[PDB]
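There is one chain below, alone, in structure tokens, taken in the form deposited in one PDB entry.
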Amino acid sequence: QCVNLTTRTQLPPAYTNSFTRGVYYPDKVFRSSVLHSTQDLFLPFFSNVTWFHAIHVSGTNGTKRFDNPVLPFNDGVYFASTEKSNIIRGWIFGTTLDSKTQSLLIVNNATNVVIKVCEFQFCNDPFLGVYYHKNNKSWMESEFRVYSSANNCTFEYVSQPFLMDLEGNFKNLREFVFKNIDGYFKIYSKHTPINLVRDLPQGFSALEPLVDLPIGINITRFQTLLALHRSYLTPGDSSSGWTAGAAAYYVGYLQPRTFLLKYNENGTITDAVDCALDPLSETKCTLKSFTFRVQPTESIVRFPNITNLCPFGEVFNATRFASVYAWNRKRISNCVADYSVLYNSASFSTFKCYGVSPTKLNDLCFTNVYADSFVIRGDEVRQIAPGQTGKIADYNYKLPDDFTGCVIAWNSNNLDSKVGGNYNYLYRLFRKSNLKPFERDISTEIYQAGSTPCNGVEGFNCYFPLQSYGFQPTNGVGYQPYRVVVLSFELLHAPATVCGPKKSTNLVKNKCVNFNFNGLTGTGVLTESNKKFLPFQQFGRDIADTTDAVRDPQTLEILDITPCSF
């Protein structure tokens, strides 16, 4: 079970410098007396790593409280520890560090390691209570108080202790690198004896890989596990803990860097060069031996003034829609279509597009658009879609199996219904045969239901083709009128006459920008020019292609283009 400790009080951060530490072996091959360039997650040279005391005495009274913040895990962690008496015991990794997410626990007791991957209920202050025996004192018994419950474990690992026994100024430096790549938790480690150096020593030591555990959990957060020698029930005035935390641990974060590593004759990494540190390091990496374009700020798009618009208002906002035999097939061409109007307006109950997604209508350009506008009862507006049947799908409107276009319907109670009933919309129930593609049959011949001919006169088994619809404002939703328009789009190998609206932006002069002038794309700086273009000649050209000047589509001013300085 866990034990509650005091508030961490958010101690201000303190930094230190990492003199070329944290270099490990990137690949598992033997290399001898060779200089190899590797791009990987390395700790940058001479970086600022944050250092925490295991025990910090900061209160005026002399309070001894651990400094174990929950630190980020950004693309790997270089964890160094300089200590003398094994106060650091392990780590916990996880996203929420609770039962909602899986968590990784590594602990080094006096005998072995414990690596577990379970959804532990980690408390606010996980730690190991370490006590010596009354007679031997050679080893230390540890009481785990780091999680409340362990369940649903998916991993278990035991091996030789990561941290050796440290049982008086012979401080030791233990360096670890933690990476979480491709479901693999990789740990690199190295142990060195350090003498009379408070911070990370100056020198080079390469980290040999330790374990490559296959683990799917994401981490992005971690904490260090420490051991209490003192008692939480009774905190002593002083010296109950271990000499007020002279030992400490440093944390740095790996970054994607290119290193030049020098494998000596025995195969150990003796030296490394960080290519992004200083210009001379850049030269060393370029020569593979130990002995520039201005970016564009933003993008600019300019298209000419939008002038021609579709007569969608004459279709959708029309006063009267025709019957269900004579569809108002209207041709639409040679003008710009803004379908964001009918889409974002969302006044239409049904809006179904087949063969085209409804959000990319503004981007596609079509040869022709055909609009059919009419009025139909509720259920039947649901019926209009390809491959279906029914009285309307088989007797009035013929709709192909493959149909590129959009059916659009809205309710029309307040427009098409009258108190006495609008019988001006007529519907058929009888025909000799089903329709063929886009046949607008308006024939009024009397159908012969029986075996005798009708000769254009009703009677027994003779009926007029056209019945009336009782559109009334009190009708139920299924029987209510709906104004519907089907827009069929033609995409064939011909020039487009119906095009979406092109969205131009503002003009930025005298600045390195990405530009798009009427389809001409490029990067460069634009300046006012005194050139003399003709009424035509939208974009000028130099001696060898490479357009020097362009004409702004909206404003006829000629802007000359200079390549962005490099």
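Numbering follows the first chain given and starts at 1. Only residues modelled in both forms are compared. Take the two forms, superpose them, and find the largest set of C-alpha atoms that agree within 1.5 Å; that set is the rigid core. Compared with the form deposited in another entry:
- After superposition on the rigid core, the C-alpha displacement between the two forms reaches 2 Å or more for just one residue among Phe259, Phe93, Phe79, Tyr425, namely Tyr425.
- Taking the rigid core as fixed, one finds a CA shift for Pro501 of 2 Å or more between the two forms.
- Once both forms are overlaid on the rigid core, the distance between the two CA positions of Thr9 between the two forms is under 2 angstroms.
- The rigid-core alignment places the CA of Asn135 less than 2 Å apart between the two forms.
- Against the superposed rigid core, the only consecutive-residue run (3 or more long) showing CA movement of at least 2 Å between the two forms spans 292 to 566.
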Second form
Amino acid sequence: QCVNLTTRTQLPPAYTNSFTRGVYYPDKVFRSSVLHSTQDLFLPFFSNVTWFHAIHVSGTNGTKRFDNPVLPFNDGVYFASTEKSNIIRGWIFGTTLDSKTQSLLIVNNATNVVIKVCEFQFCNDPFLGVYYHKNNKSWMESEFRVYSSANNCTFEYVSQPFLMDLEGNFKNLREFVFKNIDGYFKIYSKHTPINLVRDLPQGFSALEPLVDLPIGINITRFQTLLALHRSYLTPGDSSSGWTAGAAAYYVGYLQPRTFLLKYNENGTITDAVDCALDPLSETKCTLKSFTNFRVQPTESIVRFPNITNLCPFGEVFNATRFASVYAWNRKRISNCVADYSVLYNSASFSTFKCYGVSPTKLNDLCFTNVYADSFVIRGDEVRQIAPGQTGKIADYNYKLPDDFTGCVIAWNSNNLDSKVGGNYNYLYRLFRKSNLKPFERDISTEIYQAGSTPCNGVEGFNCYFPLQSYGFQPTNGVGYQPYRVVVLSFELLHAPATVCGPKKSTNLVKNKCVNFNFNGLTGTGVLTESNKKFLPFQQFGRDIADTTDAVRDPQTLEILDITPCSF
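For comparison with the form deposited in one PDB entry, would you give the structure of this protein in the form deposited in another entry?
The text that comes after this line covers the one chain and nothing more.
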């Protein structure tokens, strides 16, 4: 069971420097006398690691309270401990650190390791009460007071202690690196005797891998379990604890870095170079031996014209009546705001097939014009409304060009278009003299010749009318049911846009590197005042014909010339 301790009182943080510590073997590969470049999660050199006393005496009276805060776990942790009496005992990892979510507990008693993952009910101040026996004093018996309850245990592990016995200035430095990658909790460790160094010593020791646990949980925070040698019921005036917490632990956070590791002849890492530290290190990593990039944009500018009218999709999609597949209904959409989320998220349609444009970005593009085609087609022939396809509908009634850009919308319409007797107002051609060109529409009714004799406008032997009716009945099968079809072909040209998405114009910043979007033209660069004169029909500028050097702002008619941000 747990025991409540005093409030931690939010001690101010204190920092120290990590002089090239925390380098671990990233792989299990023996490389000898070679310099290998690895891009992994490393502790950056000469970083500030935050250090906490195990026992802090900060009160005027002389109160002794553990400094045991809950800390973040940002893509790994480098945990170093300078101690002499085994006061640090283990860690607890998780997101919420209660019974809602699973947690990992690693503890060290005098004998072995305890590794568990359960739905662990940790109290506010976990610790282990440590007491010696009355006669031997060789080992210290530990009473856990970490959690109230544990359930749903999915892992158990026991091995030789992570922490050696420390049972008077023979301090020891124990360094661990914890990573949580691909469901695996990886622990690396190294133990080094230290002498007369209060902070992290200056030197190099590489961390050998210790364990990989197939843990498979989510970790965001962690804590440290400490050993209470004194009594919580009766706190002594002084010396009941361990010399007012001389021993302490330092925490640093790993980051994605590129390191140059030097494996010596016996296969051990002897030195490392942090490429991002100083330009000398950048040079060393460039030569792989031990002996414009300055400006980025911070803000984005969106500029679009004053347009408020809404594009008449409802007159096309919520329309009452739709044309025959040889009389294709083309409606032009322009000078209005088009909200494609209404159509995309409604989900009434069955076919959302968009070519040349991803369907989630129509709100992010502005086009010169939209062409909306209304159709009443079979289910089975819906597969024929797409570029590069063949078939009666795709060959004789409407061809999408092989480079078509736009979206084909297909939705069923049994309860609108079918009637009990079969709705026969939709006529489709079975025969034609030759194949169409894309977006061609022939409404000719000339009776075709099937034989060698001419028909002269009269059907008969090898003479047929082009048009057949369609048995659209509410009892027909899915392949034979009616599907209302609209094709939106979007025109993206070097012409000013009339149909725009639900965007927001922003302010204009000048003489600064910025991400810009003028009338749909996206880019990154700096803008200056230009003395160029644009004729009123002109909108862009390209003196070199492969980059837009100038542009006209849509709101203010001033002409701004664009210099590339890279120098």
